[PDB]
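Peer 1: One-letter residues, chain by chain:
Protein chains: 4
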Amino acid sequence: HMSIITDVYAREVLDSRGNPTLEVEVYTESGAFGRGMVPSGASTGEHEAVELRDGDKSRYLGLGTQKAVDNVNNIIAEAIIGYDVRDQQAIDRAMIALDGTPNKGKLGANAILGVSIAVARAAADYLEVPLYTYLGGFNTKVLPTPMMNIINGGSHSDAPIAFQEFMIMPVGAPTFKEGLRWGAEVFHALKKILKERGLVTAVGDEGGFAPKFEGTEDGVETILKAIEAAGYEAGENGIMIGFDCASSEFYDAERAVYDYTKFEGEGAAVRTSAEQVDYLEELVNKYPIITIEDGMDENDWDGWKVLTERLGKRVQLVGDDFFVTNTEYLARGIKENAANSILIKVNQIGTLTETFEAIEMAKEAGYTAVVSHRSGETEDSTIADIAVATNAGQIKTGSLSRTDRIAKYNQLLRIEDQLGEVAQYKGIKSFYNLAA
Amino acid sequence: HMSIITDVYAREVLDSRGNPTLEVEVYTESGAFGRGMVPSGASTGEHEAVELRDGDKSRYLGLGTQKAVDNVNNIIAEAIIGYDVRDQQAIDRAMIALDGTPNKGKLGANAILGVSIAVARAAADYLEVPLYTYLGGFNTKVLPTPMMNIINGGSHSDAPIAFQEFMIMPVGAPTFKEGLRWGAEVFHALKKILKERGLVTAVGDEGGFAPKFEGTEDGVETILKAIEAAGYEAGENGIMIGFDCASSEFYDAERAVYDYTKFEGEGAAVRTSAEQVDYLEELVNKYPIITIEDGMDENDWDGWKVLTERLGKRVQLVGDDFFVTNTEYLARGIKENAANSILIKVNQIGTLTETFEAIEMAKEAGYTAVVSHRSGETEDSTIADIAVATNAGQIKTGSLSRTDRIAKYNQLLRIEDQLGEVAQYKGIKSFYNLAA
Amino acid sequence: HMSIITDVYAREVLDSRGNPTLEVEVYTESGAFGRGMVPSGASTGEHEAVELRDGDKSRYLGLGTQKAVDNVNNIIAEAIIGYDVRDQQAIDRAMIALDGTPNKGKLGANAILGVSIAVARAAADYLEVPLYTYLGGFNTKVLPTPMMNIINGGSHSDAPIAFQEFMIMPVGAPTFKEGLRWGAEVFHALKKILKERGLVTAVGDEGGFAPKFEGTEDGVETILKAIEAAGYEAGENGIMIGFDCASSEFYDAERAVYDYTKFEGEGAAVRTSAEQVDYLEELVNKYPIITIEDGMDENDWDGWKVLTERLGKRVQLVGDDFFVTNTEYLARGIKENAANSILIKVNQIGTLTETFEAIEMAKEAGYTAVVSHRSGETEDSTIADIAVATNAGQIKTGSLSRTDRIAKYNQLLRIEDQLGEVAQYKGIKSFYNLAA
Amino acid sequence: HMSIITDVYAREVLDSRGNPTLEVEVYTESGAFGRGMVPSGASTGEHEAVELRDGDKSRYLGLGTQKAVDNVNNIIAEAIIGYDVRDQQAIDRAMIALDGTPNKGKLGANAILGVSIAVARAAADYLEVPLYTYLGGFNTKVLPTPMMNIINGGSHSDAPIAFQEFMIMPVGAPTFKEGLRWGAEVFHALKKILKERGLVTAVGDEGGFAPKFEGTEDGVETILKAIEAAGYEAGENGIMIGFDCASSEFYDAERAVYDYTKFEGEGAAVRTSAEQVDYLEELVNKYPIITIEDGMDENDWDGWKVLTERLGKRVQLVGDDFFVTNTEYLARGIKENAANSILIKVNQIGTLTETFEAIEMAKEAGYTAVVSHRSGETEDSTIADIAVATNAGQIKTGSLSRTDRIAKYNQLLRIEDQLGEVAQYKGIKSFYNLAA
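Protein chains in written order, with the entry's author numbering: chain D, 0 to 435; chain E, 0 to 435; chain F, 0 to 435; chain C, 0 to 435.
Treat the hints with care, as some may be off.
[Claimed, not checked] Below, in silico cross-link-like pairs of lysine to any residue (SDA-like), each with a Cα-Cα straight-line distance of 20 Å or less:
| hint | chain 1 | residue 1 | chain 2 | residue 2 |
| --- | --- | --- | --- | --- |
| 1 | F | 56 | F | 66 |
| 2 | D | 140 | E | 96 |
| 3 | D | 334 | E | 155 |
| 4 | E | 191 | F | 56 |
| 5 | E | 66 | E | 49 |
| 6 | D | 312 | E | 334 |
| 7 | C | 176 | D | 8 |
| 8 | D | 176 | C | 18 |
| 9 | E | 428 | D | 8 |
| 10 | C | 304 | C | 266 |
| 11 | F | 176 | E | 49 |
| 12 | F | 176 | E | 86 |
| 13 | D | 105 | D | 159 |
| 14 | E | 362 | D | 356 |
| 15 | E | 425 | D | 24 |
| 16 | F | 190 | E | 96 |
| 17 | D | 334 | E | 96 |
| 18 | D | 334 | E | 313 |
| 19 | E | 176 | E | 421 |
| 20 | E | 425 | D | 364 |
| 21 | D | 140 | E | 353 |
| 22 | D | 194 | C | 159 |
| 23 | D | 194 | C | 201 |
| 24 | E | 176 | F | 66 |
| 25 | D | 362 | E | 363 |
| 26 | D | 176 | C | 56 |
| 27 | C | 176 | D | 53 |
| 28 | D | 334 | E | 365 |
| 29 | F | 176 | E | 96 |
| 30 | F | 194 | E | 198 |
| 31 | D | 176 | C | 328 |
| 32 | E | 140 | D | 312 |
| 33 | F | 211 | E | 198 |
| 34 | F | 190 | E | 59 |
| 35 | D | 140 | E | 132 |
| 36 | D | 190 | C | 157 |
| 37 | E | 362 | E | 390 |
Calculated directly from the structure, the hints in this document are not laboratory data.
Excised from the complex, chain D in its bound form:
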């Protein structure tokens, strides 16, 4: 009986930003093993799975996770011992039934996810195969195109800019190894230009800068200056820009209006939904933009319909906080024509079995699906293997600065060395949701 799960064990550790999180470890009878640990983040009263936190105001200001360590050791390990390590779907279905709630309130999504990743790593170690081959079978080959954060704004800095972050994509590169170099050389050309102007070059929670720019037009024109000073083109032969909003944050839920005078001054505009579509069309007609994210409110389905009619032929319109990784809303989004892409976060839904079902339901509609980080990342690297295992073609893994971010880029350089001449980089041909 060499493949049986012999025991399961959990402990409390720290994430980037320095708050408590779990680590879980699994062993088989032959002595093969796997470690899984969870990135941090939660919500309550929303349509999302719940973290369990201790609430002790005397330890870590209430953010401790001993209450979730007791569930793994006293309850989940008692039920899971004696299964075969390769029965992934029967194990995940057994935990979801053991909990017995829709929000995962009793066991918490942090306990259930940490186990689910540990079992997959033990099984790939036992068979002696790479984790992208265990997850995806023999037909895995496409290296994702990265979208790289460089400047922040909105609620994440004191600068007079409304949108939450700006990105670059190296869509013209020949291979992932040259595509990563082009992003590094542009980051080391932008740092000099902020230093010359006498602005702040200290980094935020994703490794991008947060300098006091005088407005969105100078925020974008300075990025076009860094791209040229590094020596590369802008447009579909070179590098392209993207945006990421949080249109939830300035939508007035009583006046039904986009009041920009929250993050910009009293001199800023106030816009109804048809005028917000006109403002995004003015930007897309002016700059080398290829993607926009959460440009409309979480509950304003009428805006999402009008926006997708106007721009959905030319640009990737991602929904994130609109769908919350949930198949009960991706179904209605496909039915009512509400977007042309989705953003996937494994800890919003809380198992590998429920994750891989949403990725394929998106693909069969023609929607591109993108895997992504949380704020409190760890030294774990699994989302780079999910991106190559599903041939998904795009990844959102943060800026070129901190090891909590650089650990994923260094993993994709190991995979592209293993695959040899089988590996493919699609560049601009990865946007299959546009003009097909």
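Got chain D sorted already, so can you dock chains E, F and C onto it with the hints?
Peer 2: Below, chains E, F and C alone, put in the same frame as chain D:
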């Protein structure tokens, strides 16, 4: 060095219908073993992958396969010995480069497919896992809806009926084991109705009847009397009908017209491409039709555009000889919006790697893909693994009579038993390309 | 304890013709395994072993086999676990004693046979030897001469012919690989001659044609036309004809006479037992015939004595429905001089232990023994290994058309490749029961 | 021959801050595996061990590491293949001889350190034991006291403060798990105090803040308000402060004076070496200071004698750029009585053998030794094993923010859990060089 391929060896054997085919065996240094053998077919006048056959007029009327087994033993074997059995994509790309011709005509597509199936079955045996889990990774679980042929016509009979075969689908069934039972219990009621009328009940190459009916309306109304007599009901709540209209056999390109006087009597109607879409629309309004295959000629691109615009929300429009399992033609079909599904034949393309690439491209475009039999079949059951490894949701495998056909329905009964409570049968929900 | 039987398991599957049958499976403690599944057929009130069938008029018209799956899983498997996989004779003796009835009525012959074949395949896999070597020891080498069905009559077609089927035997061939080619080329010369005449070329349950021939004289003379048109000789240097009757079907049990006016018209003859022997002698003196089967009634022992005195020097007189694979009647047949050969069917008697005892009791009397198919065959191949394991020299495995038949011919081509220069084909010297 | 090294292989990858570094992998004949990758740095104008970098101005601004990975693959690999994986000291002495240059400048110290770490991690995996037990033998048990950076100054900020960084030590804590908690709970109270004052709270390369304070007294009094606000107390009964005075950045050797007007305003004082020891003495009397690093210039030997005479019983005087991890200079520092501690940097010297020799010499002289990070770090955690393998009792690993820093604090939480009741945390008892 336990995983290494240590020899590969080939021999000549008979298929059903009693013509020469080919069989290959592969062994590793551990002593793990896999066998694969090729289904029989070629088509003359277009660039499918090409079989190699012997020249001598004497043996087997010139259908012998000695040159193909000489190529596996004398050319492919010395090249593939020394690879790891798990290098599927590097082995497939090595044979294609060794041959070096677009239609595979120098070594023959019968040699290259035989080797490619043997290696995949040696590797899944070496790891001790099912072939669907080896090909598909941890997330395989949907049992396909079957299309069951039950009547022939057209060129395959001396009856005056224009279309080549007629089918049933058990779309309303709870589970694959009940869907297979309903198919058998209708077939045993139709056989009784033909004996009462005094028509013949012997069977053709596909295991279905070919009786001398008066016309296509008497064919379809005879099927509805069998569905009523076995105890079920027609439409999406029970059983649905479908057609294979092999429409290239009765198009005339010197007058540019669909001429029924090739198979119908001298009173028969003659239809230009507008009158042909009007005819299929007239049938779909009168009977419970769900799928129409190949309804317009191979090169009638304007006909395919017009047909798909008229019918495409109601009915599945499968293309067969229109695309010939080729990504060069499936690209144009997507771009032009010419059809809403594809049918896959593994030996038209000639490797397992290129087969899984074509399924993925169709799926991203929002098409279904249907995996299928040939006429000359063997005791092999590999397509029942490919239909589950890709979660494709549909299969065409023939009527309920002969073990060239039944061996696939019996392999799906083993897979549905290994999966237990984790298996799914979608039924009418399998048509994700419809009902938008 | 590596060779112990660890567990036994059974499921319901379909046969050729599409009715339910069992499959049974066995594993040892080292993980060697074997699968066995049963061909269909039964009788009641006759001197033959009984199948168990569910009798549910609401499932498969009463032909279901769940009642026999419960016996394998709840009773037979409980008794057999913990035996050594190699104790075949002790295992078969234990099941026969556990049942406790002469007709095998309580457990059913389908449950008991399926187990018995599974254990033999597990044991040959554990030792790592071919199944003919496990069954027969080191002295196995003679490839059987095949008798191949081509035309059918009697109860099996509407044509005016009394005898149930006609056969060809390639007795002049140098090797089994040339002996199979000569049969294939004559089948593909006969198919053209039926199209030329405008007769039906659709196949029946054994892969032979059933066309409306005008009488037995044209049925045999057309076969002599196909043999010449393929280019070969008729007689002991080439190909020879055989017949198979069912003289049970037209023997009048009250008038004590063979009334041919059942299947032939009102103008046919009516013959008493000495006149039937005269009629068979007129056929044998006219055509190149070498074998006849069931030419007299099942109970007309006086007819069988007279017939064997008249013709038993020149022709092989097979008893089939006369002996019913039963040693209590083969004893009386040897005592009273009643035939010169026997037909063997493993599912009439119902174990491998009771099968191999009757084959040797026949051989020691100078009778030839022949192994054969049922109507509802499966993708199983075991009867080809029984034929080479007993050096029996003859096989009755059906026509050159369906995979339920071609699977046995393709297995004998694998055995003759394994045996190399040790293999022998006896041709006409295999009839040791004539002129010795 | 199971223990033998069978290949070694190297590749290029990014560090944190996003510059090129190097990674090495080693395999044995048993298939045991070890990976090691190098932290980034060099210093210009003195004989540390030397890195090798590429010449091309274009790629990565000339910081590429292709020549270093060519040397591992083409020169070191053919020499180290065939050794036993446990011959650590013979392997280390072979690379040093093969290079043959005092500063390691022909192969580069980046190549030689990568191979030396990979080999030690393959050997601890082959024996199946923890790395601290492999390096240290059976008597490893002391968890080190951490030095936690929390504010920057000097060259690393645009604030007018002279010293380069400020720290806290949790000297009064019961256990390492409480000592790590007190560090994080002060950091989250300082972050709130900076937001109230309106100063920036983005982070530098070491994960600590760099706010625009008025002067060094406002820095130290801001830290004391955080220690009071989190709930603890200052001095040996709770938390203590320490400095890194990078005093070589503001010494002038053409006037022979410590000139504060390099970083302080034009009103700043100018101090000769006697006035500089009087300044440090004035700080140590006013606040709870325990450690002073690098307080006099690299060549101010008379300053170091006078400083160590004045302060050496009260305070730890760490030397960093004074000794450069070199036994030729540490010998003179001992003999001439110049300082009372050393700080160890593994890539200043270039092997694990020479690193353990320098720790031993310091320990016998009655000095402490402190193991330390560089600025360009990686996901590796090896220094958390070297601090326990030598029972050293102190470590400098950075602030509580980024996983280039947190990955070491998380590894010491695993080690403290494996040891159980056998582990010790010394706290204020760790300063064995003081309180004589």
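Peer 1: Does each hint fit the structure? Answer for all of them.
Peer 2: Right, here's what the structure says about each hint:
{"no.": "1", "hint": "F/56 - F/66", "result": "holds (14 Å)"}
{"no.": "2", "hint": "D/140 - E/96", "result": "holds (19 Å)"}
{"no.": "3", "hint": "D/334 - E/155", "result": "violated (43 Å)"}
{"no.": "4", "hint": "E/191 - F/56", "result": "holds (17 Å)"}
{"no.": "5", "hint": "E/66 - E/49", "result": "holds (13 Å)"}
{"no.": "6", "hint": "D/312 - E/334", "result": "holds (14 Å)"}
{"no.": "7", "hint": "C/176 - D/8", "result": "holds (19 Å)"}
{"no.": "8", "hint": "D/176 - C/18", "result": "holds (14 Å)"}
{"no.": "9", "hint": "E/428 - D/8", "result": "violated (41 Å)"}
{"no.": "10", "hint": "C/304 - C/266", "result": "violated (30 Å)"}
{"no.": "11", "hint": "F/176 - E/49", "result": "violated (27 Å)"}
{"no.": "12", "hint": "F/176 - E/86", "result": "violated (36 Å)"}
{"no.": "13", "hint": "D/105 - D/159", "result": "violated (43 Å)"}
{"no.": "14", "hint": "E/362 - D/356", "result": "holds (15 Å)"}
{"no.": "15", "hint": "E/425 - D/24", "result": "violated (36 Å)"}
{"no.": "16", "hint": "F/190 - E/96", "result": "violated (42 Å)"}
{"no.": "17", "hint": "D/334 - E/96", "result": "violated (45 Å)"}
{"no.": "18", "hint": "D/334 - E/313", "result": "holds (16 Å)"}
{"no.": "19", "hint": "E/176 - E/421", "result": "holds (15 Å)"}
{"no.": "20", "hint": "E/425 - D/364", "result": "holds (17 Å)"}
{"no.": "21", "hint": "D/140 - E/353", "result": "holds (13 Å)"}
{"no.": "22", "hint": "D/194 - C/159", "result": "holds (18 Å)"}
{"no.": "23", "hint": "D/194 - C/201", "result": "holds (16 Å)"}
{"no.": "24", "hint": "E/176 - F/66", "result": "holds (17 Å)"}
{"no.": "25", "hint": "D/362 - E/363", "result": "holds (6 Å)"}
{"no.": "26", "hint": "D/176 - C/56", "result": "holds (18 Å)"}
{"no.": "27", "hint": "C/176 - D/53", "result": "holds (17 Å)"}
{"no.": "28", "hint": "D/334 - E/365", "result": "holds (14 Å)"}
{"no.": "29", "hint": "F/176 - E/96", "result": "violated (35 Å)"}
{"no.": "30", "hint": "F/194 - E/198", "result": "holds (19 Å)"}
{"no.": "31", "hint": "D/176 - C/328", "result": "violated (43 Å)"}
{"no.": "32", "hint": "E/140 - D/312", "result": "violated (34 Å)"}
{"no.": "33", "hint": "F/211 - E/198", "result": "holds (14 Å)"}
{"no.": "34", "hint": "F/190 - E/59", "result": "holds (14 Å)"}
{"no.": "35", "hint": "D/140 - E/132", "result": "holds (18 Å)"}
{"no.": "36", "hint": "D/190 - C/157", "result": "holds (16 Å)"}
{"no.": "37", "hint": "E/362 - E/390", "result": "holds (11 Å)"}
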